[PDB]
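K.L.:
Here is how the chains run, residue by residue.
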Amino acid sequence: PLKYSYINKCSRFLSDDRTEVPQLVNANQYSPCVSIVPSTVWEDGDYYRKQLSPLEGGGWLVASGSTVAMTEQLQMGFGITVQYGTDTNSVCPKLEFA
Amino acid sequence: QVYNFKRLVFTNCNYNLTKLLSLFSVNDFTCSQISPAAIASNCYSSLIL
Amino acid sequence: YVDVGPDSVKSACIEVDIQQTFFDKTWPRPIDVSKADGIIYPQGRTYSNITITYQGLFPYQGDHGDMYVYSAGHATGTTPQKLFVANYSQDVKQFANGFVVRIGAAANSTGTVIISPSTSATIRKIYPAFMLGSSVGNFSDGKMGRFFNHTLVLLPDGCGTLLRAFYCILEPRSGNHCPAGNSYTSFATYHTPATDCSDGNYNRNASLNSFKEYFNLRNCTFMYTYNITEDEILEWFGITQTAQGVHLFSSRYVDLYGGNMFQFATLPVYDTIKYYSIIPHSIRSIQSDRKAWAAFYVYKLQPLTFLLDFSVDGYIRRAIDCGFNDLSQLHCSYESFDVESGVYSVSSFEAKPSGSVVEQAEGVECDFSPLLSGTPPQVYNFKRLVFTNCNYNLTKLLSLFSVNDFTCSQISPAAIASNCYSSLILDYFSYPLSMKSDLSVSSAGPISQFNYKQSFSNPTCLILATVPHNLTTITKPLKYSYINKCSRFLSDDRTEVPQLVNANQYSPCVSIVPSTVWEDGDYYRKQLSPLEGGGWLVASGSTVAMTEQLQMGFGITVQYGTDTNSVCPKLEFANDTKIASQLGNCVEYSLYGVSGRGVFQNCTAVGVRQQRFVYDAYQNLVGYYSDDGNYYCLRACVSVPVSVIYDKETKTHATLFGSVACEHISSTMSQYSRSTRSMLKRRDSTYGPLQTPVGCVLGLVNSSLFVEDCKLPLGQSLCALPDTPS
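Protein chains in written order, with the authors' numbering: chain F, 494 to 591; chain A, 395 to 443; chain C, 18 to 743.
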């Protein structure tokens, strides 16, 4: 990536301009703020906003982010989860039945 | 980017995770609610990466 | 991306006429839970003929569903005309943990054409089409239901034997009657039986082609197809979504007759669905050849629990929605479909919520009264009042003057009045309207340059106004005045450095200038001490004639606290219902941060007065002293016990509300104890409440009979006879 990037804020402004509602990310779901945030954050501390639709009651989507410098070898990570079941257990380690 | 994740849902297939481990140098490996050995050896309805 | 094949060539589409009033039919279809209607089979397990409790998503038993009817497009003579369709494209719904549907329920029967219903055509099964996704909004013509980014599409193709699923980005067409065009009405799709569905060659792309005429396929990430065979027998279908992705369920693949649903398929898409709609469709057949279609139904899933009556072959044959009625609760408590006869307690009515009552300290007050008397200072000499921790009404303050200039910086002028802040600061001065062009934080004029400036680190505002003829305590300067020069001569007596006024501060030159400027163009000089580096202060001013009413100006700035916003525009029930007390109701209350729900009633006072909260030994509030000086007593609220009487021999039941008495009893209740009480109403629609010595009851009847043993005694001398045996 040009820079490693992340969202360090995600909240929505109340339509009356006095309070703001935080939006912590839900387990196993993209944060709602991803719809306004760019594929990379162009500069550290950049922030973006989108007006909420009338179906949402108005107010503004708000998000901000930060970046980390690129490195000689790519750094990456993984998340792993599994799902238990009975007759749906079609995924297995490779097996030998000899 | 951390808010842009790719997901791979696996069903019906066979695996050998040590082949993947040979491809990278791991600087942090820790399991939760399961031993790291067992998660490699357990059969599942799905595997999600 | 997916090889979907080519986009349709013409940009043009058939017009879609909305004829929705023809579709106003009423054919409700409640779930027969005892037939196991709509039950999705449990995951990964099967069972013997033992009954089990279960938890999962299910339709509510009493839901009659949502009905939709597909219909033929208009046609005349031997050819097609513009489509006449239902307004179903506008029905955006919030997705809510899936749904299930019925297909073909009215099959092998007759009905009407609907759009031309006088023909009374027979009706046949037709498969539904749908669209799902994470966002919705207006079409460029303001039309309802456009979806954004990628969306799910489920579309039957050609005949019902082919079904396809898609995940793609739709793209609008600019042709006549199409989504980017401005002649667009509403989206629809169609099938044309004259060439589609040939008996030797079913048209596998028929539905797709009519779909493509309104939207170009773009960036399509998934496509699937499935094989179906015809059968007029009713089928069930539904959808759920999990962290493992979307899943499809149907009765067709496994249980054609029993209707049990199994997971037919799954999808790789795990993107959350926030919205749901049904896609409208129409038949393009010849007018004489039009065919009426069977009604289509939809029901919504909920996190309910049920008894399930498995057969020895593992098909669920019967079920009990535990929350549907009190009797169903009784069955669930014993895990059975035949509870032994008796009298049994069931859960109490909750009573009900009522509007809130709150008492808190009031009368913040905002030191603003200095603005209304004496002579206001000249604009370079402006007077400041700082406000923290206090209550205000800026619009009331500004109704004391006629405002001729209402502007603000970095805040709308309405918002600064209604917004709460950590502080509120107001500067005021006399100011002629002749100088109003020079009053802005951005102005090139001498007022912004030397007399008054405001910081750009905080929201700030500027107001010009004039005094009403009834504010006789306000007095005016002989002339309005301002400083039009402020600089310091450098100590070498040739170089000079201008001194623009500092934001939120008096200009340094104000120290040499007189409290008013006596004449236009007056100027003064002050020698500076060697500690200043020498030089001379230099300043001058200008004037405007006095006027019949004082002209005034104001500057306002605020600081918004991160969590310190203690100044707010609180009002003492202005424009409100005056809820400081009720006499009363179980309406939730707050008393100086103490809270609960309960009933209040004026009663004698107990000591110690002015300790506010009277409590019992268990710290339950007993009552409260109000700021009107009256004690009010609090008894919280009470609930109504409920019990039932069940006679399994006659399969009948009745109920008792106990001690509540029939003054609070009616055929339905607002409180409420169960999702419905209508099972009682099945017979109690015919009878008013009856008081008994134990309590008010429903369906009991006064026979005045004397019987030794009812097998259902109610205690006391009360008894409960069964109706006569079969």
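Think of the hints as simulated: they come from the structure by calculation, not from any bench. Check before you lean on any hint, since a few could be wrong.
[To be verified] With a straight-line Cα cutoff of 27 angstroms, these simulated DSSO-like cross-link-like pairs (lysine-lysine) come out:
hint, chain 1, residue 1, chain 2, residue 2
1, A, 400, F, 502
2, C, 229, C, 99
3, C, 369, C, 595
4, A, 413, F, 502
5, A, 400, F, 496
6, C, 291, F, 543
7, A, 400, F, 543
8, F, 543, C, 496
9, F, 543, A, 413
K.L.:
Keeping to a limit of 27 angstroms between CA atoms, is the pair of residue 413 of chain A and residue 502 of chain F held or broken?
P.N.:
Given that 27 angstroms is the threshold and the Cα spacing comes to 38 angstroms, the pair is violated.
K.L.:
Keeping to a limit of 27 angstroms between CA atoms, is the pair of residue 229 of chain C and residue 99 of chain C held or broken?
P.N.:
18 angstroms, holds
K.L.:
Are the Cα positions of residue 543 of chain F and residue 413 of chain A separated by 27 angstroms at most?
P.N.:
Answer violated: residue 543 of chain F to residue 413 of chain A is near 44 angstroms, above 27 angstroms.
K.L.:
Could you grab the alpha-carbon distance between residue 369 of chain C and residue 595 of chain C and see if it respects the 27 angstroms cut-off?
P.N.:
21 angstroms, holds
K.L.:
Just to be careful, I want the Cα atoms of residue 400 of chain A and residue 496 of chain F compared with a cutoff of 27 angstroms; is the pair within it?
P.N.:
Holds: residue 400 of chain A and residue 496 of chain F sit about 18 angstroms apart, inside 27 angstroms.
K.L.:
Does the structure keep residue 291 of chain C and residue 543 of chain F at a Cα separation of 27 angstroms or less?
P.N.:
Distance ~18 angstroms between residue 291 of chain C and residue 543 of chain F Cα, so the pair holds.
K.L.:
Checking one constraint from the list: CA of residue 543 of chain F to CA of residue 496 of chain C, max 27 angstroms. Satisfied?
P.N.:
Violated: residue 543 of chain F and residue 496 of chain C sit about 51 angstroms apart, past 27 angstroms.
K.L.:
Keeping to a limit of 27 angstroms between CA atoms, is the pair of residue 400 of chain A and residue 502 of chain F held or broken?
P.N.:
21 angstroms, holds
K.L.:
Run the distance test for residue 400 of chain A versus residue 543 of chain F: straight-line Cα separation, threshold 27 angstroms.
P.N.:
With a Cα-Cα distance of about 25 angstroms, the restraint between residue 400 of chain A and residue 543 of chain F holds, given a limit of 27 angstroms.
Checked against the numbered hints above, the structure violates hints 4, 8 and 9; every other hint is satisfied.
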